[PDB]
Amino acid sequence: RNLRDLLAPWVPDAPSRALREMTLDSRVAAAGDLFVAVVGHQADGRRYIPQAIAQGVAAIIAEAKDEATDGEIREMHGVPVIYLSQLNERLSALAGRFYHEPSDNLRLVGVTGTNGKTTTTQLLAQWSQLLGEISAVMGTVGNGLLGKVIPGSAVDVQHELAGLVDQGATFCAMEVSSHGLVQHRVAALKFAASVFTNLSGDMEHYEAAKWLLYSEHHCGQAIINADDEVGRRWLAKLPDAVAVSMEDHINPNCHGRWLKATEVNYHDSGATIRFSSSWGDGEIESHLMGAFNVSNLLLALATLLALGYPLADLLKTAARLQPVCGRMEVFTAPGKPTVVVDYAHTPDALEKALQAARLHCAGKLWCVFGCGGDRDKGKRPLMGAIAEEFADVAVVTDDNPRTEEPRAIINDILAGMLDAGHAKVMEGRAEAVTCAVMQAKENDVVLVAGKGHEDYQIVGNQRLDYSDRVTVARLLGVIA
């Protein structure tokens, strides 16, 4: 890594210096590093130029605004300080070149939208890896190769993706936040494909801003949910985009590429998805629950088809797609009720989970849940209300009561119900789960909400070892 090489595309006669790492933070700027002095959140990194020089950085690239001309080469205490106008915009490109263009050395897929980003990301990474890729994800959960994921500027994005390339990643599924897009955090990334899940006088400027940004990015293949209203607005202007639907929104007059679920059967262990596409028709057996997750799976399918993965191979491997751990995660066993573990711990999330669960439920829908102690009490009656309305049987129990009287939390939940008396109450979460699962009929569904993947119950100050997943698994006679 050389300052001259790094800046060649922009600054013709830049000094030759060996560079170690690239950083925005003067406090971690070691000897040999490239320090990047940016202006932003009422904060100016050019303040910390002498600090960095004193800490022995090899060179500095700084914002030119008010201080210098674009590409102006100065030197301070033997250290090259090079000024670039609108450095915030160019940071991704700068970092990209520094880290040897990671997105040009793997198949990168960006997923944007409000919901389904994490699930769609994980499905893409999974399915691609099942077809021979070494796949990775970068998202809200975290970054890493599939299985080794662990918990943010334009430089960090390029640097992390470079790390995944070094680890042998050939495919990466990236969650692209709306916020990050507006702040040029992915401005210079070569996306093989961009996916849109959903959105949930003014409308003109918002759309204009988004359209403007789109034209500035290398989005690659566009894969869009046509069941979303903004999705169809995108599709109207993008004749090469792939339209995906499960609610009869493909308009075949356009003669574009498409994928639509024709019929879907939500059953006790997942969904059977019959679909047609411009790549051909087929039937997928998904082990994921709810309509939203069919949509996510169809988006991932359409995306991989668009990138040239063969339909027959994707079909062969579809059954092996798993859900995100503790996200509408189904547990079935011969002759026993279906049990779904979900982390839903807010009113809206609980409602979604129950509505999702209902689709797979021939018999009665049971909801086992509680609320956290020593936390905002406002949600408690709201979650009670939702449990009452959208489930047939509400089993109110404990969920991290902490120092707060467990029964006090339950009472707050019950307060929200029209008919608290028809709710079952059982303290001991384990016992309550056991109660729902044991009493439920074969064609019933038990949603165990609130914890999902978490493997602890906080009673008092103790963090006791407990898992919904393990409890459910033992009762059903399977492994979590």
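So that the term is clear: the rigid core is the largest set of C-alpha atoms that superpose within 1.5 Å between two forms. Positions refer to the first chain, counted from 1. Compared with the form deposited in another entry:
Core-superposed comparison between these two forms: among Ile134, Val141, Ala192, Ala349, the single residue whose C-alpha moves by 2 Å or more is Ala349. A rotation of 40° separates the smaller rigid part from the larger between these two forms once C-alpha atoms are superposed.
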The other form holds:
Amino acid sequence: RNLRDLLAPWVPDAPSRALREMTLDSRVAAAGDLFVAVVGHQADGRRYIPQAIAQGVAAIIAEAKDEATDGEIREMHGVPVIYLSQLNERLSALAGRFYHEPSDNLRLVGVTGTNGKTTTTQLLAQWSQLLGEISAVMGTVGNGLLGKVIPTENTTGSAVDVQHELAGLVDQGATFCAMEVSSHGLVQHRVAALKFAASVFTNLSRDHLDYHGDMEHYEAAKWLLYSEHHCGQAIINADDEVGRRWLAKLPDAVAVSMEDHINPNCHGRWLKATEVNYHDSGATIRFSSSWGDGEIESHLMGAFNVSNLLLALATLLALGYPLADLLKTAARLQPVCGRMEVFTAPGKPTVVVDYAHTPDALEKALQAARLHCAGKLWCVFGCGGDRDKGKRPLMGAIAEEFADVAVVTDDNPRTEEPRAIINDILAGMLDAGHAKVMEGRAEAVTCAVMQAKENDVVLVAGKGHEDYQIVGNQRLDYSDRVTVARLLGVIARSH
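Having gone through the form deposited in one PDB entry, I am curious about the other one (the form deposited in another entry); can you provide its structure?
What comes next is one chain alone, with no partners or other molecules.
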């Protein structure tokens, strides 16, 4: 693409220059690329401009703050350097023009909410594909076409990486993409210029207050998706108190409920479960909606997953997919790795690996785990260091109440003292001494799985799909899934 044409809408005087790729990281800016230098939370990208030029980039767009006037054009070692004010907020738009508005060449669905963004986006991608689409996903478990996902460091990529990845998916033939949109991403303008066909809200509970401060600001951040973005059709979980208040602000939204919260007199379009029967790590779901009624045989475990599937269903119906065809393919939907992944082997306890790392998620995971638990329910978990300390006491209280045996261990300690984190969790229990504490996650999982009996169930929560553990500033190789698989000698049957 050409620098001149790229900036025409803001810097009509920009010099002509062919550009290959656009990047915000100098470490991967190759010869002929466009390096974008912004001020971050830890460093100033502009300080890497010398290196980028030494690497042969074709041009540079840099934040103007404290250095130049908006739209100022300079030259360094023959390389054009254009300064723009409030660059972070114009990144998505800039990347969009650069990659020729990718979100217009596939149906893009964004999903936000405290829990379930991954399962919901994966279900949307799977289902849509079974309905004749070539689908892709972007989220915590990775980005790419279904079956060809590349692991990611973030839930929602940078404003430039997102546009670049959508353009890449479009070139590969993708026609549908379900993307996880984090509250962090919304506040930081990561998806500011994307054109969503639909925007789904799963729920809101305690989490990320180390970033947002309090629940009021956390809610305001997610609300940005509906107030400040081209959100398209709104799909809202009406079982959430927050979702109900939001539905009152969005007349054309679709309300989805599992706990009888649909109000046909106030919700224009809706979908609700009328009957749900749980059995072999799956469930039979009877529902009624503005598009018609029906029965769905799901192979996902727990009530939480019934809600995620219902949200995916309402979205596809709202997007015009025929109910008849959605019902015919529902049975082929598959659960996501690291989420209510069930491991079963003869002579051994059933082990469930789940991502639940918030008070609310843990409660729902333990409640679901006990439905198929004839013996005792064990809960092996921990909390992340350098994060919301307030949720620690709440989770300890949840484990102590909903589980028969609570094994408190480490999660991702990062720079905090392992024990210190553990003490905060125990402080929320009515009786700390009743919990089995044991540092060293690998050891803890092993002890629980080995001690638990065949009719018992062990819930290993907090990590899910993660194949690493952060201790200090190092990323160590570790996976709950591999640990469990090796102990039982089998992969997840449910998956």
